[PDB]
Each structure stands twice: as structure tokens, then as C-alpha cells.
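Trainee: Each chain, letter by letter, is given below.
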Amino acid sequence: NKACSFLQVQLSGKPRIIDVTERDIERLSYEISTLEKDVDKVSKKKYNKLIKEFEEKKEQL
Amino acid sequence: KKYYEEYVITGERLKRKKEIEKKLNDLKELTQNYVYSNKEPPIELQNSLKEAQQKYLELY
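Protein sequence lines correspond, in order, to chains A and B.
Its first residue numbered 424, the first sequence is counted upward by one per residue in full-length UniProt numbering.
Its first residue numbered 485, the second sequence is counted upward by one per residue in full-length UniProt numbering.
Warning: the hint list may mix true and false statements.
[Said to hold, decoys possible] Here are a few chain A residues that sit away from chain B, every Cβ distance over 12 Å (derived from the structure): (1) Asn-424; (2) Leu-430; (3) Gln-433; (4) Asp-442; (5) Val-462; (6) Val-465; (7) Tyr-470; (8) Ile-474; (9) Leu-484.
[To be verified] Pairs of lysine-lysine residues, derived as DSS-like cross-links and limited to a Cα-Cα distance of at most 27 Å, are as follows: (10) A/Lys-469 x B/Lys-506; (11) B/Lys-501 x A/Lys-464; (12) B/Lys-485 x A/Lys-460.
Hint data in this document are derived by calculation from the structure and do not stem from the laboratory.
Each residue gets a CB set at the ideal place from its N, CA and C atoms; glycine is no exception.
Use the sequences and the hints to build the structure in full.
Mentor: As C-alpha cells, then:
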């Protein structure tokens, strides 16, 4: 009973990629958008990861 | 006599922050979307962004 319902989720509507990868568009950008004034230290480097994760995602997208 | 004066100095910071934390959040949003096509927020306004930020490169 389990093995068939896995395939309809990608089938009825949208696939696994469209489902999963759209959140890493949204949910990561949900976090960076509040980050207005960050003259503070090493959390600067998390820009240099999470914005570069967009380049990691959107090249794959 | 030390503690109240420390409440003055730390209190006088936040008065001077809200004077400038509002002005940073306004003038950037003019420069965020489609107004900066041809210098309509010109270099004088783009330097005034950097003017208040250089006040809080240190004081923040």
C-alpha cells in the first residue's frame, strides 16, 4: 500500500524538484531579508554561505 | 552617582540611534527598487547613506 502513493505525489500536480527546491528559494530568503544592519562580525560570513547557497541552488535550478 | 550617569550615557545613545535608525531605513528603500535607474537618488543622497553608516561603523 505504501509504495504506490509515493509516485502520485510527484505525479498529481508537481514533481519532487519543484516541490522541494522552491522552499530553498523561499525559506532561506525568508531569513536574509530581515538582516538589515549587520556591521557586526562573523555572521557576515553566513551571507557568504547562504547567498552563495542561492548560487548553489539557482545554478542547479 | 556613577549609575545614573551611566543611565544618561547609555540613554543618550538610543535617542541618537532612533534619529538615525529611521533615516537609514527610509533612504535605502528609495534606492532599492527601480528609482536608481538614472541618478534619481543621486550621489549626494548615496553619500548621505554612507554618512550615517560611518557614524555607526564605530558608535554601534
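Trainee: Next, verify each hint and record whether it holds.
Mentor: Status of each hint after checking the structure:
1. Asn-424: holds, 51 Å
2. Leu-430: Given that every Cβ of chain B is farther than 12 Å from that of A/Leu-430, nearest at about 42 Å, it holds.
3. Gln-433: It holds; A/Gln-433 is separated from chain B by about 36 Å at its closest Cβ, greater than 12 Å.
4. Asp-442: For A/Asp-442, whose nearest Cβ neighbour in chain B is about 30 Å away, the distance exceeds 12 Å, so it holds.
5. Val-462: Non-interface label on A/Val-462 violated, nearest chain B Cβ at 6 Å vs cutoff 12 Å.
6. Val-465: A/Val-465 is indeed farther than 12 Å from all Cβ atoms of chain B, at 16 Å.
7. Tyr-470: With a cut-off of 12 Å, A/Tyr-470 remains clear of chain B, as the shortest Cβ separation is near 17 Å.
8. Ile-474: Holds, since 16 Å exceeds 12 Å.
9. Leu-484: holds, 23 Å
10. A/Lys-469 x B/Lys-506: Holds, at about 26 Å.
11. B/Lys-501 x A/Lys-464: holds, 20 Å
12. B/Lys-485 x A/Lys-460: Judged against 27 Å, a Cα distance of about 34 Å means the pair is violated.
Consistency with the previously given hints fails for numbers 5 and 12, ordered from lowest to highest.
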